[PDB]
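One chain is shown next in structure tokens, namely the form deposited without the partner chain.
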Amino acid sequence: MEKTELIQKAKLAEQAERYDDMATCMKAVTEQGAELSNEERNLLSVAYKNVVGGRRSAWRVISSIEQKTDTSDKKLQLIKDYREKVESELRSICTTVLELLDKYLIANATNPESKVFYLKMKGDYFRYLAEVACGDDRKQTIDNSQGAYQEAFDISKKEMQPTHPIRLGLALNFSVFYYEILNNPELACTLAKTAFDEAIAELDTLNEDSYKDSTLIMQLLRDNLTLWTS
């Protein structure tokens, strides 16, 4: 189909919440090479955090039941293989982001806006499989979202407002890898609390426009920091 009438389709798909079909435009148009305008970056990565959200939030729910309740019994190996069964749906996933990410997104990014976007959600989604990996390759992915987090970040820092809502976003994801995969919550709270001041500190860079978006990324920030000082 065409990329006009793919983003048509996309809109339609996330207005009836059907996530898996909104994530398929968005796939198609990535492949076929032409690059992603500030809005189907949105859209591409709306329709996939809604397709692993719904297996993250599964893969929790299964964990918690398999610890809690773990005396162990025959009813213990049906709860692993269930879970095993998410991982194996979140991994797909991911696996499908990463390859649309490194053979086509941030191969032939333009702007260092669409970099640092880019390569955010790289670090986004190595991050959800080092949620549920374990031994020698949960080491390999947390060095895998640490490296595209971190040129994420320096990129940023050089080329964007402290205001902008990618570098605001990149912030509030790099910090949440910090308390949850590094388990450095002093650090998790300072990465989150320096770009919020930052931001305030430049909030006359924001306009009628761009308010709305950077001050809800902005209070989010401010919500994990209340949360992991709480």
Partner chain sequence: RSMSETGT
Second form
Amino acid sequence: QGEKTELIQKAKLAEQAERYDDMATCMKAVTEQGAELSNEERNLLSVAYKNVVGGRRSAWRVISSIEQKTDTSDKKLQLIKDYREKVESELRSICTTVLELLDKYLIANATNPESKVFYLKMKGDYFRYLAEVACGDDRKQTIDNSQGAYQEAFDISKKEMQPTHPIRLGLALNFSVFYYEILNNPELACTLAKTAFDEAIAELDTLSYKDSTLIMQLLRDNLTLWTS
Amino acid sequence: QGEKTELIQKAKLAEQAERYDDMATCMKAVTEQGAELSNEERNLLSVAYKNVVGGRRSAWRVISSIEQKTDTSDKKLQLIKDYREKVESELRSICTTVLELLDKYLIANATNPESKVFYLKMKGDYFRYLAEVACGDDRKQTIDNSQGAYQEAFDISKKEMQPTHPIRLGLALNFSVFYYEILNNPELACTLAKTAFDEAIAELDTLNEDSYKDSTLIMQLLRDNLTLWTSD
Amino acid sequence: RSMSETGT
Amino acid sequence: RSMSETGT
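In place of the form deposited without the partner chain, output the structure of the form deposited with the partner chain bound.
First the chain shown before, then all remaining chains and molecules of the complex.
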């Protein structure tokens, strides 16, 4: 469409300028046209929201740490909490926006199994970011939602994609992070990452090799950290 | 005073969170309380808006660089210009906000030469950022407003201010950049930077003892600029 | 720290 | 590579 080209061009401009809120608006607008995204469009959408939500996650982490070190009956503590809650509501709004696009357009209209794994993984990621800042019954539901998406993504990728495929490696990576930081199960996080590494290294010829290698390096970085 | 203490608290939280739009919002509200800013509050305001305007400038530089590289007949040329203009508008709004803060509150209520220099340098900076994106006659007008502010800050500081002090050094750094980048007079930019550096070294023994780090780092920026400008 | 895909 | 005070 005459507009879809306009929107992607703005998206690529916004990306080079590091205006990720503009990038996300353009890519969200492309998605709601209804047509399946190309690999290029898919990556622009992922890069945009990764950066949009990433800025709030880092802000939340800074504020919560300050909060955890502040005294109880200290006057200045309520302001800290209120600021954390403001940042929290932005993060939730961003995550629910992404999850909406996934459920309404992206997962459903995926034809490749590779495309479907990409989006199911994205679904797991954004419920995981919600689970990072959830508590109570809220936390239990978001965790199960994140797990459900990762587990389905995991199964498809094990049946349809090769161990060296970057999307399968990247899903193993983020699924292991889920086990380590959300479920707090480090041994299972280690096995998930190690298994993916070992299966990929046994086929380094049947290999895009750069992105596989760099993801496998993140897998092993985590493993070294976790086993130490 | 109750709200002012809250506003500073939130300003400092937003800074560590790197939420500079929030930080600038809080410091603008403090400035509009009308009272002369302490040195801490003054720096908080400067950091907040430096980050806020700086993100628009870096984006502007990227977009303008792409546009300069685009054929004049390209389909997407107008889209690129449209996007540059959107960012220019944000940039001009931020500069206009700082400039009106400077002229209605900060420069107006300054009662000492140091605050005068600080705020007139800031006036010079934000008019310079306006000049970076101006064309036609308002380029000439923003250039003259930026230079006039820098020159007055410079005259006051040469008379009243210790030459090694970070405020004096930062003014000379930014004025030298204005000569290099805005007036495109590289020889005068070098001399302005070199003269400031030399006078700072000569008066090292009267440098304020709690400015050692900042003076060392700004002197180095002067030397780095000099090295670059006198190479190619 | 622990790294996810965004570290790439 | 020209730097102003924001470089600090």
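Rigid core: the largest C-alpha set superposing within 1.5 Å between the two forms. Residue numbers count along the first chain shown, from 1.
**Student:** Rigid core as reference, CA moved 2 Å or more between the two forms - which of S57, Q32, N183, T69?
**Tutor:** Going through each option, the one that shifts is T69.
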